[PDB]
Structures are given as structure tokens and as C-alpha cells.
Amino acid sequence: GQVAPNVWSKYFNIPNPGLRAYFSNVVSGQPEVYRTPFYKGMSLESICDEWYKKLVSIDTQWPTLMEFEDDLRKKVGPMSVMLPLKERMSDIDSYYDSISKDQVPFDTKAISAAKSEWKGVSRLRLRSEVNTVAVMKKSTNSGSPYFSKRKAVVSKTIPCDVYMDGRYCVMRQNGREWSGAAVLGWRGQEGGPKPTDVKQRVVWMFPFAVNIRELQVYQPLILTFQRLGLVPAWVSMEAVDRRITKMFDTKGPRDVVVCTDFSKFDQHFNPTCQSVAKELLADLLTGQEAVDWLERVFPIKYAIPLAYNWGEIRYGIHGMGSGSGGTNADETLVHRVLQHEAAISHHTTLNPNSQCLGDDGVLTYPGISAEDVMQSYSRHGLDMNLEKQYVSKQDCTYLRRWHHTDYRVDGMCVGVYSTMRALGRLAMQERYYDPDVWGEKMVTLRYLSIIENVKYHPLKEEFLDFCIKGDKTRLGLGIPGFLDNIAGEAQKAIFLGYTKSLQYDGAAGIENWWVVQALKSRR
């Protein structure tokens, strides 16, 4: 745990007033519930109770959509309540304790079937440090050692080299050696209506130099898979929709579709899972630098130290460091092996229109059952809870959207985001934006980007009308000139970038959003 000052200064550039104040907020927590001005003067309860009166009209035509809405309404509530560090210690422990559950290795044929999906593909080369830096988000925090904006410390960071030496992460940055540690970050996820129901997500904020080295492989990997369409959720929700359609149209007429969920996937992504990820990357990669990368950069996300408080560092191997540049790449490649393994364990072939993304999957194969899947997956040390699994021949959920074989828009089984979930996010934010300092245009833009998720909901027009009420300036209709200049307003403002890399949140194309078109047509 606690290190003397002369140790701490090898991890972080000292003095660091901003890092001191960051950890002070980590210790004390953040207890206030942040409510938006959406339906100001009505409670969260009445907002949902009123929308529900309209919503129930879908229950006769689409009862399982009503069940999906009713399940997500139970989660509506605050997302801004950050517990004090002393109440999150067990959340940290789970990263280190969950990786030693009983676990057996993956089947060879499953690993080969996964590698077959990219048979003809141009092998990946590492992207240079310089080009990798240019592409990445550079306004976000550099982590250890500077805890600054990335753009300000590029030249103190590259050229860099990072590797594990035992339990230490050694980092050489433009000639100087530092010791690397992830900084304990936080995200809130709604999990009920009380302040104490906020889910306390553990975010590992990686050293800039580690993220650069990681992304030298993961940026080319994401790019290649996007163009090949291998992981639809890295492309778009419409690409997800098209593969959901293919899945429903090619499954056995009497087969179920199984929707799997992992409890604490990152924490259980143990060494057995890691070596499958390393093997698959090695098949995608080519050249000597890649061999070097696979031995020295790849392991860091599963073993980097954690700075969880100003004087305090935890060491040891652990599960997926939630927040790594390859957070979703490693897990999605291995989750795909799990899907193949389940069909192969039962003497059949995975329906290739099955999908997965980090801890979320939907699959089918001849004769599939949920119980076979759960057994096949969880023998690898992976935790699953049944009442979060879902099984049906006609519908499924994936990436918090409902899909039905018969619910088609222009031929496609489009995904229906929950109006209840969207209402919770319209009323409740994770951060405070003082009205006096950020203004109504930004709040309105946050609203539009939430509502846009329900663009395929059968009650989307009634839902938009409901949301127009509840906004004083009516989602932009009441702001002079705003809708006519929506592209430009949207650029002053500045989830898919998330699904591809980091896993924290769980561009003038805004003019093509359904919700914008729908508002303009209401003038």
C-alpha cells in the first residue's frame, strides 16, 4: 500500500497540486445527485409515471418490448453519486481476487474457428508513435507521471518504451525513466432510484506512454476490423442491426437466440482468457516489433500497479484493467472464441451472425440452450448470473437495445433503445453543469443525443412530444436560430469511440439524426 515520498515521486512528477486535489476528491467522494432542468418541478417518479401511461399502448403488439422497458425502468435514477474511496475498496479487490477462480483452458478448435473469420486479412503492422499520438484523444488526462493534458506533455513522453519488470511497470519517456501506475478513476452507472443505488465503476486511467504503445496495435486493429465488418458494433448500430437481421433469418426455425451477460467481466478476465487474446493478436500481427509488443506491452493492462490514493499503490496481476486502450479489443476477440467453443462443444457450428462486444453477447447455433452456454462459458473462471440471461426464438437484447424478428424498418430488425432508460438520463446526469456557466445550448445538445437512441422505437414520435414538454425551450425549437445552425452548435459542444477502445462511457452528422429531422418537421 503506502509508499514513502521518494518512491511516490518516481511514479508522479512532484509537486502535483492537481493530482493531490484529485485524490482528495477520491477520498471524500461526491454525494450530490445531479438533476437536470428536464421537467423541472416534477419528480423523477412522476416523469416516468406519466410517460408510462402512453407507453403501455405497445404492450399488446410488442409485450416483450414492454418487458424490456419495465426491466430498464427499475434502474432509472441517479448516476452522479460517487462513494468515498473507503467504500470502494472491495470493488478494487475484485480485480485481483476474481482472476483465481477455477478455470479450464479454451478448446483448440474454438481458437482456430475464430482465427478462420479473418483468413484472408492483411496482417497488422504497428503504427508509429507519432501517428498513434496524432489520432488519439489529446485533451484527456496523461495519467502517471504528469497527470496533465496529453497535448501538453507529448514531448516529455515520446519516444517511449514500457514493460513489466516483475511487479513494476518500467517506463522510459524521452530519455527519463518513471515507474508506471494506473490512477483510480470512477464512473457512475444508474442502478435504481436511490442515491445509494448508483453503480460504482472502477476506471483504470493508464499512463499516457502505456496507452500510446497499446494503441500502436489497437488503432490499426480497430480500423481493419471496421472495414471488414467483423465486429459490427465497432462500425455503427445500423451494422449491428443488419447482422441481427441475418441472424434471425438464418437461425434454425425452432432454435432459441441466447443473450448472455457477464457479471464483472473485466475482473474475471484472468490469465487463461489473456493468453487466448495474445494468441489471436499474434495471428493478426506480423513482424518483429509485434513480437516485441506481444511480450512487453500486451501484458501491462493485466498487471500494471494501481495508484488508488495519494500515498498508496497496489501491485500484482489482476483482471482487465477497465480503461485500457485494448479494453474492448482483447475482450471482444476472446468473447468470440467463447461463442465458437459453445457450438463446438455440442458438435455444431456457430451461426456467424452471432455478435459480441466486451461483456455483452447474443448468439445462436443448432440446438443451443442457455444452460449449455452458461456451462461452456463459466468453466473458464467467468461469473454469470442466470436472471440476467435471456432466451427467446423471436427477440433479443444487445447493447441495451431490443430487437425482434418481426419488428422491421426497411427490411431490417432495428434495435429499440428504452424510452424509460432515456428518460432517466434526460432527468439525471453524472456531472454538474452550472446553468449560469454552460448555457442552454449545451444542455439541449445533451438531450438530443440521448433521445436519438430511440430513433426506431414504435412510440418515438409520442416520446419526442413528451420530451419537448419538459424542456423550457423545447429541444431547440425555442432557441432562436439553433436548429438552423445545429451543425455549428454541435461543434462548439465537443459512445462508439468507447465501444472500440477504453470502456468508460457505458460530428455535424447531427443534421442527419432522426431527432433533428423530427424537430424540424415540428416547426
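For the two forms, the rigid core is made up of the largest set of C-alpha atoms that agree within 1.5 Å on superposition. Residue numbers count along the first chain shown, from 1. What changes on going to the form deposited in another entry:
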Given for the second form:
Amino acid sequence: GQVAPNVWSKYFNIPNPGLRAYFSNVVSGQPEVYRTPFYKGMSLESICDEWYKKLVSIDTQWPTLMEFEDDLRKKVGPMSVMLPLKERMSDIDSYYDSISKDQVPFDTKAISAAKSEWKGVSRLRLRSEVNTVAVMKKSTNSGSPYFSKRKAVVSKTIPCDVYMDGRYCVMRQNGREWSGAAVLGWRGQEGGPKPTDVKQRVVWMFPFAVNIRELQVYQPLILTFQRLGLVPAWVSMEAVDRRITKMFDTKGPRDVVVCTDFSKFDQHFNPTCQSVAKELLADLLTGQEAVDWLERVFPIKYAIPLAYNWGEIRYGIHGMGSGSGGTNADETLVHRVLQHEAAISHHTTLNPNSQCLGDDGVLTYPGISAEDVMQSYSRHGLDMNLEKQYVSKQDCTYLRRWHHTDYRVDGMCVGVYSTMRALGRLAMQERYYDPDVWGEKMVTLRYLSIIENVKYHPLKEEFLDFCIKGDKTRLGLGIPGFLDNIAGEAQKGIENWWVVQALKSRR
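Form deposited in one PDB entry done; form deposited in another entry now:
Next up is only this chain, free of partner chains and other molecules.
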């Protein structure tokens, strides 16, 4: 994969000490387990064991909630252990090798069914690069070529034009021509109590110029879908819960709900899947600028080179570059086609209160079974382990929340987040920040964002009292002014969070 130094400098603005440090850390990895101050002096097991003594009280009335909690308890553990590059090469290979599995075309009727859900919608037009940049996150890394904060390089980036030229990504940026490459990034996810259990997620950190061009379509798309409520997970967890409720209200009395799961969905998002995304987008879009975007920009996330070490670049087509501006959009649109196709393949109609988001789905239709869904999806070159599908007539899991037809608050099947998963995240963090340089307010803000997830758990009040006891600052109760100025401290919808209201009530 190695390129000459004066070829590397056509992909990145050189010199760049920050980029140099970055790839050194990629090569070395980060072996330390980062433990927060939460219940300092106690192990993760002891924290979990102590809370479990009280959690277990729900097993009699909500035994499937206990099963859900027990399941996620097995994943509790470190999140910070990042393996060296030498031990992640298979993770990279997967993106290139997984798209060539046997893959059959999609049913044309299912594609029509998906399009029909947005009949009459205002067709999308590209936003301008300037307007798009204005609403983007500009704290994030600009990727190739400057590898700085976006905010710092806007004037050097736009106007921009990006396109594939054979295996190369050409990026014209305000008078410069660069060669584009994603940068290999990393995220850790808990997968068990040992340091070797940490899930090694690959992140494709895209060039700012590519993300701008992509978001000229995906930004207005997501906004339109949000306002129409077509993808509830893009709106809120309360919108998700409302649709879960309707799914239970309108499902076949004899039918199960199926909660699906994909192995390495991004990696398997092959050219057959890509062409379906392109067809749906072409339906949604209007204008000549859109025609050009579909031919020039849309394919980049499936073909952009990958810079995985200093001076090392990999080329060729691959699955979804996890990190594209359309990562979630392309996948969610195509996932909805998959759901329609499963129903249509069994001579019926998808219950439209079924839902999907990226690789996560929950659905029902007359006579549905998990193995039928698995067969209907997998024939397109997608990987699924039947053992990880979940089936029930009375409950479901979606976006790591449990719902039950008999567990309703003001008539909604609200989503219950695992307190066990919450405890693991309170105790373990993905990245180290020195609190001498960064402060304890940010620790507390992280705690609150985790705890807020359990706002519908039957034991949330006991859980909060348990968490308060683990925090020196008592979740901000011990930080003068903090709770009263929490939106502000957050900047330096949180004021409306349940956990904030619950803490203030304990004053």
C-alpha cells in the first residue's frame, strides 16, 4: 500500500504533525482500560452485582425485561482498548471482500412499494455548498487533505467538486486539486468484561469536501423525512415508541414481531444494494444538479481510497464507508425496501408501522417468520445469524430498547433502556480526558446523557439513587449552579431531560 512521500502529499497537506501522531497511534493501538471515577474503589462486577440485587425485583412481572437486561449485562466491560493496526487488517479487508458474496436483484415491486410511501412529498433539491456547510458540524475533523477542524479550513475547501476518476477520488477545492482518501478511524464498543472483548469498530473519516457534496442531498433529505415522520428514529425516541405502539395495535393477532440483526451490514452493502439506494434517491430528487450528483458524488462512499497508515493507501470498491454523510440514509432507504420485499415475497403487505434505521429493524406482516425474513434479506449478499434474530408476539427490542405491549405509559409502548448497559457505560469510558485540563463538569454531563436513557425503566428512581451514591459530585447536585444552568454548561434539550428533573426534585 505504500506511496512515495510526494504522492502522500497530494492526499494530505504536508507537513502535518497532528496527522503524523494520528497514524502512530493507529499503528500502536491503545491498550489501557479507562475507568471513570464512578464508584471509585469498586470493580465493575461489584457495581453491577449490587444493582442486580434490586433489578431482579422486576423478574416476576417483566421476565422478558430481565432477559433483555441479562443479555446486555454480558456485554458490560471496557470500551477503550484499541488494537494495533496489525490486528485490525481483517476488519479493513471485510469492507473490500464482503461485497462480492452471491447477490440477487431486488424485487421491482418492493422498490415501488418503498417509493409509494413518499408519494406527494416535495421532491428534494440540492442545497448549496455554502448553506450546507453553514449547518454542518464544524468541530469535526476535516479529514483529507488538511486533517484539521472543519471550521479552520472552510475557506480553503469550498467551492469544491469531487468525483471518482478510475480508482482515484479527485477533489477540486477552491483552486487546488487534491487526491481524496478516507482516513482509518476507530471506535470502541463494549463486548464483554475483558480488555480483549472490546469491539473494534472501523470508522471511515471522510474528506470535508466529499462530506459537503454528499450532504447537499442528505441534509435536505433527512430534514424532509423528519418533518414527515417517515423514519421515526431520525426524529426522537418518542416518535419511535409511538410507531412501536401502532405496530402492536395493528399486527396480526396470530403473528410475531421480528427484530432483525445484520452481521457487518456496512461491509456487505454491495453494488446491488447501492443501485437500489441510487434508484430511490433518483425518485426523491429533481433537477439537473441532482442528475450530476447521482453520477459523480453518490458512488464515492462505496469507492473512496482508504489511508490506513502514514504513506499507505488502499484502493478499489468496497461496502459502505462507515462515516459517509449518507451512511445512515442509503442504508435506511434500502432496508425499508428489504422489509417490503419480505412481505411481498410471501404474498402480503408490510405493516407500515414496521421500522428500520441503518442495520436495525423491527417488522411484522401476515405469516412472518424470522427464517423467512432472513432468507429474503440474505439472498442480496447480506449476512445474518439466525440465532441473533429475535421473535415475540408481545415484546420487541429495537435500538437497544425493550418494548412490551403491556408496558405502556400514557398509552405508549415506551422504550426501556438497560440499566445494566447504563452502569457499564457510567463505569467505563472510550477515551481518556485529563480532568486537570478538562474539568469534572464534562464527566457529569456524560453521566447524565447515559442515565437519561433509562427514563422509562420501571426502576429508574432506584437506579438514579444508586447512581447518585457512586458520584462524588452526586450527578451535579454537588456542583453549585450546575443543574440550574445546565443548558449553558452543556454549551460551554438537556434542560428538559427527565434525569435533570429527577435530580432537581431531590434538592
